[PDB]
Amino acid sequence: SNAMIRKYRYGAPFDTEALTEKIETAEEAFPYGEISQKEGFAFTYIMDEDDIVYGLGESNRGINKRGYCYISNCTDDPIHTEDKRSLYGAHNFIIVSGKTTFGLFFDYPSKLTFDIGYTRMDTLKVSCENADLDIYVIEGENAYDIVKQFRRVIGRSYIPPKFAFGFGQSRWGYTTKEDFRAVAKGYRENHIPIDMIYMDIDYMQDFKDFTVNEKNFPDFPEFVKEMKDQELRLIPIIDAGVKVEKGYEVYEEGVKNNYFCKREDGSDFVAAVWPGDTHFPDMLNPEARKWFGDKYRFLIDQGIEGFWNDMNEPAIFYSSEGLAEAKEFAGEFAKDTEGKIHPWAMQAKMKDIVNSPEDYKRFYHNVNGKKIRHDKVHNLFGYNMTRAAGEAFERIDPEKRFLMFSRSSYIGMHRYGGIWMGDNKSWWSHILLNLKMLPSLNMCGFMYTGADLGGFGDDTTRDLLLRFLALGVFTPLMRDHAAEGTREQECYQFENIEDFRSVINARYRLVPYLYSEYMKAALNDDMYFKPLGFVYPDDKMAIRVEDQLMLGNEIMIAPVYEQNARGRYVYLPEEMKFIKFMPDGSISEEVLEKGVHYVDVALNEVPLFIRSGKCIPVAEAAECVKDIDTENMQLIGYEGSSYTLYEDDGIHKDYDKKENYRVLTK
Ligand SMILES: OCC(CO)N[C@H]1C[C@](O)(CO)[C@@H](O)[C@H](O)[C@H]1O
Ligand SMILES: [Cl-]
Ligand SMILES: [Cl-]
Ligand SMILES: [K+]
């Protein structure tokens, strides 16, 4: 059993349940590099100059992780600049790829530092404060083999309903039925395809989880049906924090049944978020999880078929303790007459109370009769919130797939939902960041993923949105979302709307292919997106390409991510057909040989490349997933080639039937 995977145990690790496969503890010396336990735990390895380091899922910078430091420590940080070491996810799987190749999964739920050539270029050092963890060593002939081994042992990836492969629109600010009707009309009257409209926090009654604003939605299920009859599915947000409010049932039940995270003394810990004071459900306690997940029935029973889980690092604006400290400091600053307390110090204290490391030491989880301080298991919170929801969906309607994705995650959560890449910005560099995160997420089990198209924060432009959308065409989550106070970012908010229709039409024409590749990959523990080096391992040029990706076994993508550009450079490791979805609805085709090329790609054109000896099916454009005609689709690509199409009803879980597969031959 499990010949290629060994598990090395130190101390008394918390069981994260990341793996579904039970691996016995190995008793031999750790097989690579050196282990030191003098400062807790450290693994140190000297890399060959040509080694590439893959992995880390949702983390900053590039596909090859060499040259920086990455700290797994789930953090609400809306400014994703190159210096940042921690974002929302903790995906502790890396692969050293070169003359000596192996994979490592560090199953540890707290702050874990990956110094990948930051300190010394030749040195990989992975460290944490406590030697209480399991480290899995995965052997294999190459990096792709090692990834496939890992994907097997962590269990099958979450599978969304097919409607989730349409286009979605959200904004922090949609509040009233008028707001949502205006979005529906803006897309539908302009014949821009769309399947989902996201409901952000203003839909709740005073930011209370599992409520709907009674003034704005007096007959909510009727409104849900108004939208669904037009093939628009409302996708509401749920937050980690439950508002403290007398008479609010979720709060009352959480208090009475000890379902919230508690302070040292047993009191329910207060964290301020959108509602002001909240309590956090104890996501690591199985009974609290069951209770919290069961609450989703409130929305499911009203016609809702999907959710997004947010603020689940968990994010904390301040604690009662931190607020009191900040106010005391402010009082001193206010009455200072000697000029001893400077404004910068006041500013620093205000910043310090937000997402404070000290607050994460102030509350506990109750697991199997043991109270564990939250910081010790910090990176498991979002994972378990989404597990709570996923497991509830199985109880509520076991036959049905729900759309589900989370901001914060840890390996293991990939069984229950996808992720979105959080609060990016309307920056050109964030198109590239979106692209690079994709294969790494796939290595860690997270295939239903994507970024806020157009950029969440700051102000977008028409061309940036168009280029973001052209990458989103290929990402399973394709959602335009934006922050409050930003320039309006719906496609209909710009001149020459036909260009937006053209780009989103390309998504819908590709949905049968993209869904098929997703399903084949998920059902077989394989990757939807792959780095070029996984497909062309013997090509020294290919292995270092980071701004192109392979999708499935048929195509390569290469989005434009430079402002004012009319094209871009590409490297083709084999002959391919360069394909563009054109704004008049036609599909242009050009054979390009192996090697370096500059390709022209206008703002309203969507490019891809079809590999030698392959073809893909392309449907006529439709405006919602339900209406896509998949009978006798056009086949684009090479004569003599075939394609195996996976197609099911997109709704249920009947995955293993021969009727789901059809061979198309060009
Ligand atoms: O992290 C907090 C904020 C940014 O201030 N962003 C989060 C909350 C939010 O702003 C309102 O619900 C939402 O729109 C974002 O998608 C989410 O990441
Ligand atoms: Cl209503
Ligand atoms: Cl041909
Ligand atoms: K924006």
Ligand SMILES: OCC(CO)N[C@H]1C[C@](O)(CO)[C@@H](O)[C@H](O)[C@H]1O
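Residue numbers count along the first chain shown, from 1. Heads up, when I say rigid core I mean the largest set of C-alphas that superpose within 1.5 Å between the two forms. First, how it differs from the form solved without this ligand.
- Only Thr81, out of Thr81, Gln563, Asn142, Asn257, shows a C-alpha shift of 2 Å or more between the two forms on alignment of the rigid core.
- In the core-superposed comparison between the two forms, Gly454 has its Cα shifted by at least 2 Å.
- After superposition on the rigid core, displacement of the C-alpha of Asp229 between the two forms stays below 2 Å.
- Relative to the superposed core, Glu484 undergoes a Cα shift of 2 Å or more between the two forms.
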Given for the second form:
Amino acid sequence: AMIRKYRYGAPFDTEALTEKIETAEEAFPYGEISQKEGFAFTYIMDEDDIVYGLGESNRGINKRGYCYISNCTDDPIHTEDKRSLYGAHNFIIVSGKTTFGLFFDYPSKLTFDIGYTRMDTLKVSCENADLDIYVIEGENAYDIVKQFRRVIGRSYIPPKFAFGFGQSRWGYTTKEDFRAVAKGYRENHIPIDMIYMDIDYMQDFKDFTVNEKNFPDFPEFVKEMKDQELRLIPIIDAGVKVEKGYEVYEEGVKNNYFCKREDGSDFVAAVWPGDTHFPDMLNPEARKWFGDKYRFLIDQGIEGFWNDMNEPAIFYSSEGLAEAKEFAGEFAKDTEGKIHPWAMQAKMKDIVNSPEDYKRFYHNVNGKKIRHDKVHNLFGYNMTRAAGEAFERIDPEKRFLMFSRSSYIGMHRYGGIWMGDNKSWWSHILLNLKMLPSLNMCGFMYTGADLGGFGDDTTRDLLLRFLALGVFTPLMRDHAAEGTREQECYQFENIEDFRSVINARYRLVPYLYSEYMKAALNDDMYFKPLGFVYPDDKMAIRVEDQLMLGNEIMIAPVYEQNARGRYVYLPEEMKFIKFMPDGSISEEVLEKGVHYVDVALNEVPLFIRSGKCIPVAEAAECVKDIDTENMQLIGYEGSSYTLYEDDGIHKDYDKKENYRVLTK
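Having seen the form deposited with this ligand bound, could you now give me the structure of the form solved without this ligand?
Partners and other molecules have been left off, which leaves just the chain.
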């Protein structure tokens, strides 16, 4: 009764929602619907309206003034130019004099023109009128989000160790690479729980193998790491290498588990291993088979994974490569200047993640052949679902770490989100901040971004500022990609500043975990925009560079180079808190209003709300060793905090003993 569902045509069943909603037969309640040239929803907005939503999408909290396309893609350009990121999160809320939420349950290319063409006009459009549109009513945006969170089902919950800090690098290959990382952190007493394994740990980039020469007794090495409280977290890619004798490949061909061309041959896309096939993630039998393959690593002591390249990414197809070679041949023998080098450059760019390639293969959905482009935004979702369901079959009571690159609403139940590569961009700290609440609205709470680097561009201060935001993001890792400067926390001058920043994370782990758990278990938000907490404050609702976390605190990271502080707006009285590099905590009461606050590179700030408190533990070097017995309470005298704690390993969420009232 606060949710209606309007059905057009014959929508594909995405499983985004867990709750059944009856089909509405009355007029569509807002704006205008046109089925004239495909499908379009058009709404004229009031001047003061704010538009929230779109989860993993470009620009700010208020989405007005740009165009967003839901179309899972890895576009090799600066973020500022992107129409589309990796996620398709089709939920928006119009908030103003008239407030309502909309979820467009549609698996293919969906365009949100949000005041881009005409400032007062919101237009949502797609090529086929085959979708469900859910309309959600409420008295405010926050109320609407909670109703949405209920129907899409409980968010993924990670094991507690995943609330520690993790290091990786595209390039760690040998046992010695990993041993050096373990020594570097542990001997310098920098806290760490995880080391990520990028694609080089495989045999020739083959999913569900390990390099035999580099890791002859892999389970013993996993144990060697685990004995020092270091959990190895390996990558799994969408593409399965074409190679005779490789079991995964052989099984997939024999059992028709790969995506097929129109003639029924297995589609070939080049990725890391050269030629690959994609498992048919929309086929239930194929899903169960692919997910079951994770047993290979679980049986060796691995407790978490990440899924990558799962748009699916395509460097080129056999068809695209042939066209490119053909065109290059014309270029080569052109003497009359008919083919310009820039037409040559465009052709080469064009074969990567090509729209034409996405219509060259099909999914077998319960016996019905569906062209991939029609359901493109479901692929990464279904890959992560395959793994999640397999974990449930393997060990239904154990939590595994799991996160994905590509996603769609529904996937939030199975794993978290890798938000993107910040490379060495100062601009991206603020972009990460803005995206966090929007992701929470769509069910994705376990999220964080990479600072992959770019040449030597990651300076000491960029990393420290990035990590000080990372303190608060459930996924906190330092993982080099294109960066060539050594970027582990022990590789820079004045190592103590890095230790101070990571210490703050570990001191806050009990609180951050508690807040995550309470929010996940009650279908609520971890990060919130200020406007959700202070809806009557016209200043608060426009703030895009601070966030509320749980019900106790506000964050406001420094995101400018060479800055020694920043401006903040406090909507109520708050205690300005800083974790200091000597292990102390500075505290200052600041009244409602505008402030400039000082924040050094080695300082981690936050603000505790009036009438609230948080528990703070002493710094420990791993999650297991955190002393939660008698934590310091920080904030206002006389306040209480409800601490959630469990074993962090299993799914015994409903024990009364999980909850403890603390009082300052």
